[PDB]
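The residues making up each chain are set out below.
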Amino acid sequence: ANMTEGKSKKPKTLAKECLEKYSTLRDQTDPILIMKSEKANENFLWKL
Amino acid sequence: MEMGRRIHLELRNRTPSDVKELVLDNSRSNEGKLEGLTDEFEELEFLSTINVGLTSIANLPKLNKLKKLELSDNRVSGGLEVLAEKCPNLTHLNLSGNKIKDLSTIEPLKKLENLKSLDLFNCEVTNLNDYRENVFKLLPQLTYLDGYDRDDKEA
Amino acid sequence: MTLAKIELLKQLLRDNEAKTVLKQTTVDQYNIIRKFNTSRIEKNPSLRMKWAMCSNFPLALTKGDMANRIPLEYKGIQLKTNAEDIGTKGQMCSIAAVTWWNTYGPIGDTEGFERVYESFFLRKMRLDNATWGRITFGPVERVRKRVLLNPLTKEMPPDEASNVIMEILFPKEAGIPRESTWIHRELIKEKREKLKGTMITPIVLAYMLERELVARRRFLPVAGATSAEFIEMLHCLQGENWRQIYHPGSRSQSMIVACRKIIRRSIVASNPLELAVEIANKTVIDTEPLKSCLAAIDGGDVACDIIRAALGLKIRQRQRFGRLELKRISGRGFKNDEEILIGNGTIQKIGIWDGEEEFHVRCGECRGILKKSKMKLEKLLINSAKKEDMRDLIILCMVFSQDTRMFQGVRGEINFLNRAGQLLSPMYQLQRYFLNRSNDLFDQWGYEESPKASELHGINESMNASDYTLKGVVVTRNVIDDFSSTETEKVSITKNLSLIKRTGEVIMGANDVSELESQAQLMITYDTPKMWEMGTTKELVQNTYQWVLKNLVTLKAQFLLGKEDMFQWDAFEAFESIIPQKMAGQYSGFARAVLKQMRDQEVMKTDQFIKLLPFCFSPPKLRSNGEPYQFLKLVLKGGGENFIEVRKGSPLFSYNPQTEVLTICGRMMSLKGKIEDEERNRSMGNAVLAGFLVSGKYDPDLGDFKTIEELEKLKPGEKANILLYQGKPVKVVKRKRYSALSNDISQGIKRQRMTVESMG
Amino acid sequence: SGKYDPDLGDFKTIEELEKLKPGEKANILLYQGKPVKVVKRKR
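Heads up: the sequence lines are chains D, G, C and F, in that order.
The letter at position 17 of the first sequence is residue 308 when you use the authors' numbering, and the numbering goes up by one with no holes.
The letter at position 128 of the second sequence is residue 128 when you use the authors' numbering, and the numbering goes up by one with no holes.
Heads up: the third sequence runs through residues 1 to 249, 256 to 766, numbered per the authors' numbering.
The letter at position 42 of the fourth sequence is residue 742 when you use the authors' numbering, and the numbering goes up by one with no holes.
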């Protein structure tokens with residue numbers, strides 16, 4: 292959640308502001324893998 | 001490590017009536033109990049039991065001063081009515097991470113009137129329609145819940 | 001066996017030649033002695049092996065009790081013989097016994113192979129889980145590059161690798177650990193624990209560790225990825241006329263950013279070199295100083311090269327101009343000052359290169375050959391790599407060539423600076439001007455007919471592979487391979503961070519670094535207050551907590567005394583900048599009261615101590631009566647998520663005691679527990695013979711020598727008699743502290759320059 | 701009681717205002733570009 296006055300803004304700016312508010316999640320670089328798919332590669336998904 | 005070791009460390013080999021709180025965490029228990037706490041205890045305010053593998057609530061000293069108790073990450077599934085006969089003075093209840101099947105498990109809390117906050121996280125009972133409303137009208141004495149009665153205050 | 005050793009020694013000494021050689025050659029000279037072998041090497045190994053395999057007993061078995069497990073002849077088949085040997089003094093045997101041993105015999109331990117041969121099993125794991133794709137049979141463009149053949153756990157120079165190997169698998173002969181074991185303490189302890197419990201011969205483990213650590217690099221034709229993981233399979237992935245899709249089963259950006267930040271911090275001050283090296287060797291990336299990845303990769307960004315020059319490391323001697331990497335091929339350019347009018351109408355006095363010259367030029371993925379004369383570019387040959395890289399190469403080579411057309415193509419103004427606010431030389435000002443406005447010299451440069459030929463084809467100003475190219479520029483549909491003879495020639499470092507050749511010529515300038523900011527993908531933890539007064543509040547909190555954590559022993563010791571000197575530390579002054587002025591004093595008073603209560607009426611609690619200590623730098627403001635104010639939620643600059651919880655934890659700080667772990671600014675760190683016990687567990691790496699200094703000679707007053715285990719029994723400050731390296735009896739004293747020579751040198755330099763300035 | 705102070709933090713939603721305690725100062729926004737700083741009162 293990110294309270295706003297009500298103006299319309301591009302999705303990129305909204306996402307940037309939302310991540311800025313929750314900066315800790317944005318700056319997370321070490322992933323604590325919890326579950327994995329049968330075929331998908333966790334490293335590739337995390338880097339993406 | 002065992003409940004006895006935790007009791008000795010917290011009490012530091014002193015009289016039982018010297019500490020008003022306990023921390024029984026990461027302690028293996030015999031068949032899922034809370035042994036190591038004798039009935040001689042008379043004064044206690046806070047409790048903490050996490051990752052103790054408690055499966056039922058049948059062994060607990062009778063008390064009249066406890067106001068908070070914490071149970072989490074346990075497979076306990078049974079009636080809690082015994083708390084009324086053991087300590088009907090609870091104000092903070094925490095069952096986060098426990099295993100409760102249906103609404104009937106939380107029924108016996110009606111006879112308790114001092115409870116004001118109850119916590120139930122990722123519980124099988126929590127995933128139901130109008131569970132929030134149903135619990136509220138089932139426990140009128142309750143003044144708080146998982147945190148969003150009407151506002152947000154901290155214990 | 002030690003008795004057998006002494007008996008063999010006595011028998012050998014009975015001869016006079018052994019007595020005279022042993023008493024003559026020092027330990028160092030032993031190497032020479034070993035190399036005086038026959039060298040009667042077999043002329044043809046194939047024929048020798050063929051003949052030997054047909055002989056009755058070619059195998060040379062070492063004398064021992066193993067032979068008794070097997071008869072000299074099994075099932076009517078001869079296996080081993082009891083005849084004496086002269087070459088090896090053992091017994092003889094045949095492959096029949098080897099096959100029987102593979103069939104029957106003692107059963108060994110399988111544990112050792114899980115970890116001992118970790119690199120090989122990791123290779124197999126990367127192969128097995130790899131995903132294959134299509135095959136492209138079309139021609140593949142390949143470039144010759146210096147690539148690392150195999151991945152490395154932690155790349156280090158050969159000498160450090162050997163020292164680490166000895167410190168791992170040779171507990172004895174570990175005199176005076178250098179400034180390399182502390183850097184690799186984690187590797188030391190990890191490999192030590194993993195290899196413990198084995199029985200393999202130590203030399204095998206040493207060679208395997210050398211393979212796992214020492215880098216192996218070679219010139220190879222590559223196309224596409226270049227990481228060692230892809231190079232392992234390059235024999236299958238690549239192909240002259242076929243390619244395969246392969247996906248095998256970070257720190258770089260962080261080091262780039264850290265080096266750039268250090269450069270910018272040091273340049274603005276006077277005598278940048280000392281400050282830069284202080285910050286560089288006082289920095290750390292999550293487990294290690296900056297001399298753990300800088301020393302790993304070869305070369306790198308210009309900032310990293312400059313820092314390595316400031317530190318002690320080898321850097322490729324390529325000439326960095328902006329982004330261009332230049333390698334001279336021939337010709338000598340006389341740098342003479344000249345007055346030239348710029349296209350803007352102004353006249354600048356700058357150095358111009360008289361004479362013809364040629365350079366191999368590289369920029370990102372673009373390679374080429376440039377031939378230039380004085381005040382003119384003559385020829386440029388490139389390969390099509392990338393539009394951005396090609397444009398950068400063209401523009402930068404244009405500016406470097408100092409072509410009169412480039413000067414006449416200026417239209418704006420040249421008064422720019424850097425992030426530090428300094429006026430640069432006109433060359434770099436022009437570089438920035440042209441890069442900012444690429445379509446300035448391109449329009450007025452002039453066009454040249456396309457390179458009519460089989461492969462040579464032109465490129466237009468828009469970087470598209472379009473004909474009617476630029477005057478001089480040419481794009482050949484071939485592979486240009488350059489940058490041979492990476493001599494890493496001797497290079498000096500001036501105080502201003504600018505490198506120079508063995509002569510006075512300048513190779514790298516302090517302003518080559520590009521002023522581009524990024525985000526450190528890792529925890530860039532420094533150790534100096536001067537550095538971190540730039541970034542955001544979260545970075546300040548993280549760095550302050552890391553400073554507290556690193557030197558936890560000193561702070562914990564000072565806590566027992568109970569004096570205010572503990573709180574007036576410079577490290578917290580920066581923290582004062584991120585606490586509200588109107589309320590910081592109340593926080594300081596509250597934290598001081600809480601910590602006094604902690605010292606008085608309870609016992610050690612590291613988490614809350616760390617949480618509450620830093621806020622006490624500012625003076626307190628007690629209640630009107632005198633009692634301290636009480637809080638439970640310390641607000642920080644920026645509001646919202648920038649807040650600390652006094653009770654349990656918050657987004658910036660949360661310690662869980664169930665697993666005893668610490669999460670600061672979204673980063674988990676292992677607080678094994680509390681107590682000097684956890685302190686010593688942290689010290690569980692380090693190096694054998696790290697807590698003892700050398701003082702005095704043999705001093706036989708102690709009698710015989712004592713082992714490391716018995717050495718630890720001695721209380722601090724004692725004297726012990728030990729053996730250093732291969733013998734060399736000495737007297738040592740157990741240390742009462744942990745040392746850091748770099749810190750001492752930096753503080754000495756700081757005091758020296760403080761004295762110089764004060765006298766000045 | 702005052703004006704926009706970025707140091708105190710961003711604007712506070714009604715959810716935080718309702719749970720606030722007396723004697724604590726917060727920041728609110730009237731409309732775009734006209735923030736203000738307010739303080740809770742017992743009366």
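Among the hints, a few may not be true.
Claimed, not checked - Have a look at the derived ranges for each label pair, beta carbon to beta carbon: (1) C:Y744 - F:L730: 54 to 60 Å; (2) D:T315 - C:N502: 38 to 44 Å; (3) F:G723 - C:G427: 40 to 46 Å; (4) G:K111 - C:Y635: 55 to 61 Å; (5) D:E329 - C:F121: 39 to 45 Å; (6) G:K111 - C:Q636: 52 to 58 Å.
Claimed, not checked - In silico negatives: residues of chain C with every beta carbon more than 12 Å from chain F: (7) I32; (8) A215; (9) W242; (10) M469; (11) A577; (12) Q587; (13) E647; (14) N648; (15) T761.
Claimed, not checked - Within a straight-line C-alpha distance of at most 25 Å, the following computed DSS-like cross-link-like pairs (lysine-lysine) qualify: (16) F:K725 - D:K301; (17) G:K116 - G:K101; (18) C:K627 - F:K725.
It should be emphasised that the hints constitute simulated quantities derived from the structure, not laboratory data.
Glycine included, C-beta positions come from ideal geometry on N, C-alpha and C.
Evaluation of the provided hints:
The given range of 54 to 60 Å is respected by C:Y744 and F:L730, whose C-beta atoms sit roughly 58 Å from each other. With their beta carbons about 40 Å apart, D:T315 and C:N502 fall inside the hinted range of 38 to 44 Å. Distance hint check: the CB atoms of F:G723 and C:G427 are about 45 Å apart, consistent with the given range 40 to 46 Å. At roughly 43 Å, the beta-carbon separation of G:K111 and C:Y635 lies outside the given 55 to 61 Å, and the hint is violated.
Between D:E329 and C:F121, the C-beta spacing of about 23 Å breaks the proposed range 39 to 45 Å. Range check, G:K111 to C:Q636: Cβ separation about 37 Å, and the 52 to 58 Å hint is violated. Distance check for C:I32 against chain F: the nearest CB is about 72 Å away, which clears 12 Å, and the non-interface claim stands. At roughly 50 Å from the closest C-beta of chain F, the C-beta of C:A215 stays outside 12 Å, upholding its exclusion from the interface.
The claim that C:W242 lies off the interface holds: its Cβ sits roughly 58 Å from the closest Cβ of chain F, which is beyond the 12 Å cut-off. Residue placement check: C:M469 keeps its beta carbon more than 12 Å from all beta carbons of chain F (closest about 43 Å). With a closest Cβ-Cβ approach of about 22 Å to chain F, C:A577 is found to remain outside the 12 Å limit, as its non-interface label requires. A Cβ of chain F approaches the Cβ of C:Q587 within 12 Å, the least distance being about 9 Å, so the stated non-interface status is violated.
Listed as outside the interface, C:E647 is inconsistent with that label: its C-beta sits roughly 9 Å from the nearest C-beta of chain F, within the 12 Å cut-off. With 12 Å as the threshold on Cβ separation, the claim that C:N648 sits away from chain F is violated: the shortest Cβ distance comes to roughly 7 Å. Every CB of chain F is more than 12 Å from the CB of C:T761 (nearest about 40 Å), matching its label as outside the interface. With a C-alpha separation of about 33 Å, the suggested pair F:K725 and D:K301 falls outside the 25 Å cut-off, and the hint is violated.
Proximity of G:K116 to G:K101 is assessed by CA-CA distance (about 23 Å); at most 25 Å being required, the pair is judged to hold. The suggested pairing of C:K627 with F:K725 holds, with an alpha-carbon distance near 19 Å, which does not exceed 25 Å.
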